[PDB]
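Given next are the chains, with one letter for each unit.
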Amino acid sequence: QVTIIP
Amino acid sequence: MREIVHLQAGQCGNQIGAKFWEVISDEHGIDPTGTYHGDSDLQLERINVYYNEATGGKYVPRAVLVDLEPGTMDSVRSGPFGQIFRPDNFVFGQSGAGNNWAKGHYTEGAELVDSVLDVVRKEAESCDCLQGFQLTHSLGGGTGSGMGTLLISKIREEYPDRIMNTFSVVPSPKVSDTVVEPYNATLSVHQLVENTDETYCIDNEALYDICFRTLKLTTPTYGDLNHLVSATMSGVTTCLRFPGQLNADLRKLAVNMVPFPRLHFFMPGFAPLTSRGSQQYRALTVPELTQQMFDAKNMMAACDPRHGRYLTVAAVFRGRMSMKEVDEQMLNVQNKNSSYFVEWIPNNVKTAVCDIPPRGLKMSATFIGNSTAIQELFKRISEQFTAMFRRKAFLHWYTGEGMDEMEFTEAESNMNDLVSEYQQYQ
Amino acid sequence: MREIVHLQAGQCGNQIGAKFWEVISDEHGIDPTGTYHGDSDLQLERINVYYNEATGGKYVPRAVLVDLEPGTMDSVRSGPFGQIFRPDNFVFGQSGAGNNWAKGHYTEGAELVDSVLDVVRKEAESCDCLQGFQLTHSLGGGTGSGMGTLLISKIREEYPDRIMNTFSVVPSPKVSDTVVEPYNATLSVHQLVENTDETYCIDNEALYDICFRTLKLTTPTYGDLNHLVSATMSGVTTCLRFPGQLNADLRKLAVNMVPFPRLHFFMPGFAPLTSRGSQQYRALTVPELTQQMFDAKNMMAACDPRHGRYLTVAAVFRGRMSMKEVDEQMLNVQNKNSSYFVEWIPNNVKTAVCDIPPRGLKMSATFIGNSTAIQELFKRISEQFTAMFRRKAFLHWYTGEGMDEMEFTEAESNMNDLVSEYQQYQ
Amino acid sequence: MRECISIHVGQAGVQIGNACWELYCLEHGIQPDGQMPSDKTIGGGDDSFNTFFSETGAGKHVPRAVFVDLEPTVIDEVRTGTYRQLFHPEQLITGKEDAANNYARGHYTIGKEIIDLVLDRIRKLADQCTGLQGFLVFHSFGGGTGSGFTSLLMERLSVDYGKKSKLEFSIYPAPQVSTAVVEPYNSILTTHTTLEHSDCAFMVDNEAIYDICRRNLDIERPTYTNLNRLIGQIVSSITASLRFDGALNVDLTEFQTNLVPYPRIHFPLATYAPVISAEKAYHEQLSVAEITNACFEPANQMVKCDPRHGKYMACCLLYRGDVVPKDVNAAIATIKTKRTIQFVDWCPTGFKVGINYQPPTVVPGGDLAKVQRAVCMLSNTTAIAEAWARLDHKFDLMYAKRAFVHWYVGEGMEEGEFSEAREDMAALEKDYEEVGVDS
Amino acid sequence: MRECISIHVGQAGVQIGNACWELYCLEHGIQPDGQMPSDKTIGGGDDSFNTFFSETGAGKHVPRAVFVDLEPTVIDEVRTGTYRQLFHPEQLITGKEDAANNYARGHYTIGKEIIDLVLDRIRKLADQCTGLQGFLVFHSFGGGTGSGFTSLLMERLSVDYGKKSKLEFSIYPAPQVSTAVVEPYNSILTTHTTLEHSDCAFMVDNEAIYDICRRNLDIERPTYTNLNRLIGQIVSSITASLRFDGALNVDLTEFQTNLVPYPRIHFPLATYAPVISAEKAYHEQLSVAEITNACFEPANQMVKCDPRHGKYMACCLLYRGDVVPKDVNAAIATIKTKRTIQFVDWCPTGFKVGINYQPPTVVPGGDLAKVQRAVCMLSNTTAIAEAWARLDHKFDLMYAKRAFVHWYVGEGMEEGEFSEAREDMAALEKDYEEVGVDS
Amino acid sequence: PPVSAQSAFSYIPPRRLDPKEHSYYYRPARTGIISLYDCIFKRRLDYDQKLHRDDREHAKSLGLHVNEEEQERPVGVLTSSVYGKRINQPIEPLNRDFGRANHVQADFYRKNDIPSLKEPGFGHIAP
Amino acid sequence: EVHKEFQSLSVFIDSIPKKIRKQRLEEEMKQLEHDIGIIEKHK
Ligand SMILES: Nc1nc2c(ncn2[C@@H]2O[C@H](COP(=O)(O)OP(=O)(O)OP(=O)(O)O)[C@@H](O)[C@H]2O)c(=O)[nH]1
Ligand SMILES: Nc1nc2c(ncn2[C@@H]2O[C@H](COP(=O)(O)OP(=O)(O)OP(=O)(O)O)[C@@H](O)[C@H]2O)c(=O)[nH]1
Ligand SMILES: Nc1nc2c(ncn2[C@@H]2O[C@H](COP(=O)(O)OP(=O)(O)O)[C@@H](O)[C@H]2O)c(=O)[nH]1
Ligand SMILES: Nc1nc2c(ncn2[C@@H]2O[C@H](COP(=O)(O)OP(=O)(O)O)[C@@H](O)[C@H]2O)c(=O)[nH]1
Ligand SMILES: [Mg+2]
Ligand SMILES: [Mg+2]
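Chains as they are written, first to last, in PDB author numbering: chain o1, 46 to 51; chain WD, 1 to 426; chain VD, 1 to 426; chain VE, 1 to 439; chain WE, 1 to 439; chain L1, 20 to 146; chain h, 206 to 248.
If you're looking for bench data, these hints aren't it; they were derived computationally from the structure.
Do not rely on the hints blindly, as some may be mistaken.
As the list claims (entries may be wrong) - Listed next, the stretches of chain WD that the computed footprint assigns to chain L1, with coverage defined by at least 3 CB atoms under 8 Å from CB atoms of chain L1:
(1) 14 to 26
(2) 95 to 103
As the list claims (entries may be wrong) - Which residues of chain VD face chain VE? A few of them, derived with a C-beta cut under 8 Å, are:
(3) 4
(4) 131
(5) 249
(6) 252
(7) 256
(8) 278
(9) 324
(10) 344
(11) 346
(12) 351
(13) 386
(14) 388
Backbone N, C-alpha and C define an ideal beta-carbon position, used for all residues, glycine too.
Build out the structure end to end from the sequences listed, making use of the hints.
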């Protein structure tokens, strides 16, 4: 539902 | 619900098979790990068709990967989706095929067929309601053709009431990469007409014209060529996995497009194809898609549709649209080209529609075509067979492994018999 | 709703047409990007006539760009409004014609005719109601007059009842830039008389004198001559795309000015053409442009109207005006000039008035004349052809490519017949 | 209970009909939306709009108009204009490509596609009427669609609806001003219909209204938006005895009998009076005894003819507004004492009158002034022998060398029809001289 | 206490029932959840919903239909979509694999293994009903399940329930548009059942309802979800006499006596009127004398047939909404005076009229408009045999080359039934010619 | 481009339209779509019921405020829009005295309820 | 800008570094669209 990237 | 067993054999099939499972893992949102990451809940409702539930919610594909050389295994397991296949499904020997039909069917293939047939029995009874069989191989190879048609003969002795979905890469005239390829072609197609129900023929030369003209690719590598086959590959089983307005299963396509037990050789197609230069200039609309399907340039086999007659056509659609526009241009193209089709079969074209288009696209379609223009694909190999048989060239590799010379006679007899039936029913 | 196809052939006709697509995109408010940046909803009311709307509200023209020298297309795509075309419609070869009529019609164009008819068939069977065509070329070279009239002969055979609107730039005596130029026009007019609905004649000499005296332009380059032609190019079809008080399409214009099947060559014109200084000193009223309309210096050809007789005259007006002013101003001109006009046709004027002018001007008009002044132009070309043909000069290029000597004598017979037709009614 | 059907054909008929339906809505108080504001059954007069409109259950009012054309570039202006809501969306009939100044295109090739949809709405509209009286078809002689399409439209109504009048309003080609060049060819083909399937076809030209606008209306630059409002007032005066109650009322059949003396003489001339601006009406008094003298002025008739060269057969004067019936009686006696006004000896009586108490209502933005009374003249004269003589000379010269013929024979219409229709108009000229000579 | 049992078989019958059961929940004010809140008129009306919904004592209402499909991919969207809580979990019977567009699979091989579940759920439903009236079975002749699973069901429901009526609503192949390929086979093999074990089979196609939505409702691109809403209105119009009160009601046994004159001539038409969008309702008014002439025109028939070539045999008119019986009888006398409507000699009286006191209800977000009345026409005629001639033409040149046969005999059939079913319609078209001729 | 090939008879930019007095209309140009990437990629998955070709969006005057801009202008740019301009400003009030009616149908023919056979009963007041 | 450049190149593909620059622009376009997609999808 959310975003995460390195 | 309804489950499909996938068999992969040969060098050509094993590369396409990694590209098979590349597409529908993205369609169903399956990671290389095996965990489902997606956004819609419609993808999980039919996931047993292609994947098996395992421990910890990880899915493993129901595919059997067989090759007599471990070299092709080292490529598929080290690829993008190489870590998803089951470690026990990899069955391999140690001696290469050597592009011989004898090393795959009579001498070396006989020892490994018990190992192959045991794993599929562990997979067939793992399915709840088995639907059909999907095999992918190359007729011009040694272990794709020699061992691919051996599995057809053994399995059809076990499951008589099933359906066969084979996808064969046929030989090409100018891009001939084997000197023994006309031998391995005729010795495979002789058993293909007997113990199958539909044979989907694909050629390499016709896929180069699609990349050169429709896509305008500067470097048409094998990573993009096999992906273009994969779109038609996952379009034939669209309605077994997704809801639709008019669902069509594989036995429904079988009754529609098979008038006689030996007129069952088809062609494939993929409808929404555009280039990078003309992305902003073409319109993704059903009348524009419909004309694209009936292009002579958009067929995957090196036989022009105009020099033959279309017996029966099927068109599996995807995406959301009104039904009558699909029902109109599939009728207009029948009336405006009446000399192309035949006169004794009303309603040559079969229409099917789904509800979910693929990712990264608006709508989609899939072309499946029966025609009398498949004569030129089989006469062109028969002429290669007769010129080499009269000089007995390269026959010592075949008589030296345990086959008589008379076996070449019925193989040439049946292929002249097969194209006789196409011409008699013209 | 009503449609016309556009085609561009030859180097001269391509850049004139390239100026055309810059002109109407301004009147319809289309940016070079392709978006609609305009202020009135009457432009979008009938915008499909020349444009195909792509999805997302981007508009592309209905144009086919064909030639033999791909360096010309590199200039057009680098132009101001060159980014809107369709690269799938782009047809080009590799060997130039070298200004040879036999090269464009029999040597090179026979292998390219299949690719140019397949792309005009894509834009015409996607149509709703098709009126006709607009092909721009010139009679001076081997590229524009060789295959330019070949596209006329192929389409008219396969479309029997349509309208052809070609725009031929006519060779001139003084400003000849080609030494084989009379040989290009004589072979081109052989099919233009028979196979064409109508032809506008444009002379490079008359475009200079309009720019020299009426415009008083310091530098009359090729960028301004095409804009001078393109104003008349968009003026002929204002009754199709814009509402007007007196509507008349091209076939209405076709039946008015063609009394006999071989007399369909029209002399065009534009109406509010002035200098920079005298704009403050003039008055824009409908009686004022009529005195400007009938000026022999304002005609786009070097055919003196006072040396012949007028068969049929037309005038398409634009902007708001009282319609009684128009009828009196082009009835008084027949009364005060009776010997010039014909006597066996009463009411020589056809009236057309639209309600929207070109932008930046209060109102505008367009002049179309069908007079017997053209016969001096035809006897000019036929005399220069006669001197060259009797000495067997410059026949060495054509004869070795498949040309016979009987066609040049037949072409002279077809020209001199047409000269006798015009003087027959004088 | 009394109704009329309005059909509009071609650009000339339809754009006149845009002026007709704006005059009709203001006369009854109905907005262009179609809803009567506050006049439902109170002050209503439910027969006042009944001859032209149709009331719905909600309260909307639907006209009796069937707009038909072979171009979209004329009909789509009212689909997007003010009157998109008044008309029924199936009444608005739209073609794809025009006959384009060709009789044979609008009669033989293009027209036959659409007529079965035209007649199917004529059948649909006629069944809603309790009692039908006649048609109001507007067209022009010169063009191709206005000549071609209505020629075979009337022959279908002549075989389907037998005993119904067909009041046709035709725009006639002027002797001097003319737009098309094939106009002499089209009118010769048109008049073959008017001699058999027509019962009363009024003819009007463009040139005479130009001069009336010049010297009476005092307009320097006359416009097509001003010709049509003047034509729309006459057709609103013909049907005045149906909307309104007068001293003596004339419905459609009553003035048909006393105007048509012979089966081949049914082309009367219409004239309106008084046509003045609002500048000159203070300085001019208006009385009954002089508005009818303005009718018989040689410069006021709306067809370019000289009535002093011809003799009259019958006349019809439909007075409106505050008109005393005695003042008409003294006005008729004034006319026959004039020596210039010539009548045939076989018609001792020639004047039919009509009075109505409804004064004219001018639309806002118009140029016609407010007058107490107005009179409309319908004269059946012999003066239009010369109007058909000059047009026959126009057709004779162009046909002598076979000009513009190869387009008409291309559609299929065989060349013998040009000779067949020419000798019919030769027979029509001789019919005036057969009956115009005294006994 | 007047009940109806409806069976939806195949992909077509189930897909209509999604839009069919949309209306019956809306008419009685019943939520998709299955409850009735404050929408009830007390003191009566309890039998209005007792025809289709049965009241579970907890307050839940469960429907009275059986959904059967050998393919689980269609019911799975009903089981998970909008109506998961409405239907009872045991009225959704599914199989294992589809019939694959084959009559052989749907009737012997896989159509036999699930019929004991299908027939016993009928027996559990029929015991609850105090008064059973008949069957309303929905399927398609061209399908594999529709041709298959109806044929042996009618072979077994006609011995369990002898004298009960059987009303059928099937989808027939269109003359030009046709989706599947084996349709000339599966249409021929189904009709051997219908002539012996089915009393009155109402038949429609797909092409004739595409174009009705084109120029009447002004929708250029209709969808299957638009076709099924229109068929869902007619069945609720046919059943409307059991639900509500009226001037004179026509129940199930009534209009089978009025429309079946011979044991083998029982194949009528269907017609609904008026079919308009929301925009045309305001302009054209809706009268009793107009909506009945829409039914008899050839353009509004929902089967691609020409009624003018045939000769009518018997009819039935079923008016709803505000209807006065004077208007109907004056409208019928209009019909009898038309020469285009032709009747046989042996049927002097041919019109049966039923009235109801309920206006139609429109679905939210639908295409149809709010109309204050309705009419449905159920016409027996002899023009149906023209539609069965062209499908017989499809069979003969396809069976001459023995095409598509090995898919049939390989499942358990015999080839001899192909000749037996072809000779059945040889005698059937012989019957319509022998009956329609005048004596 | 070459400077000799350049000319200043007609230099047309990507035209930002001037203040509304400078245009032939009183309308500024539409801003349109500001992102070409959004215009190309964010198309519509849906289809409309009433338009037959998805190529031509404005098929039959779909969503065009032509008459609205005509009434926003004081006088129209079309001659065909002259007729209905001044309806909202009337000159004379309507005359309704001489209008035909049906007093015969209003007084003689009644619908129903048969007043003769039943007593006046409730709510009857003598005239 | 990458789209304008790519449509600004000519129609010939014969030259080796012309082909290289076309391929490099195509690869940049694919990576660019992948970037925009993985930004836009999650929100
Ligand atoms: N009174 C009046 N006459 C008009 C109007 N417009 C055109 N006309 C007349 O109509 C004549 C020609 O007919 P058209 O307007 O072209 O219409 P048509 O007869 O159907 O001919 P086409 O539409 O071209 O087929 C011209 O000579 C004009 O005099 C108008 O708005 N008002
Ligand atoms: N009008 C209409 N026809 C439908 C609908 N759904 C299916 N059909 C028709 O059903 C016909 C054939 O039946 P099928 O679509 O094969 O479905 P089926 O009856 O279950 O047949 P099988 O799945 O093979 O057993 C098609 O030609 C469709 O026209 C629908 O919702 N509306
Ligand atoms: N389309 C396609 N064809 C392939 C591919 N790999 C091999 N082939 C074809 O397979 C033929 C040789 O097959 P081969 O490797 O000898 O098969 P094997 O000996 O049975 O493993 C060649 O003619 C190729 O055209 C591939 O990735 N894609
Ligand atoms: N108006 C205009 N005319 C041109 C232009 N370039 C060349 N011409 C004319 O074209 C004629 C030569 O025709 P040519 O170029 O040989 O025709 P081609 O064979 O089709 O290329 C000359 O007489 C020029 O006047 C231009 O940019 N504008
Ligand atoms: Mg017109
Ligand atoms: Mg099904």
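**Item:** Hints not upheld, ascending by number
**Value:** Of the numbered hints given earlier, those the structure breaks are 1, 2, 3, 8, 13 and 14, listed in rising order.
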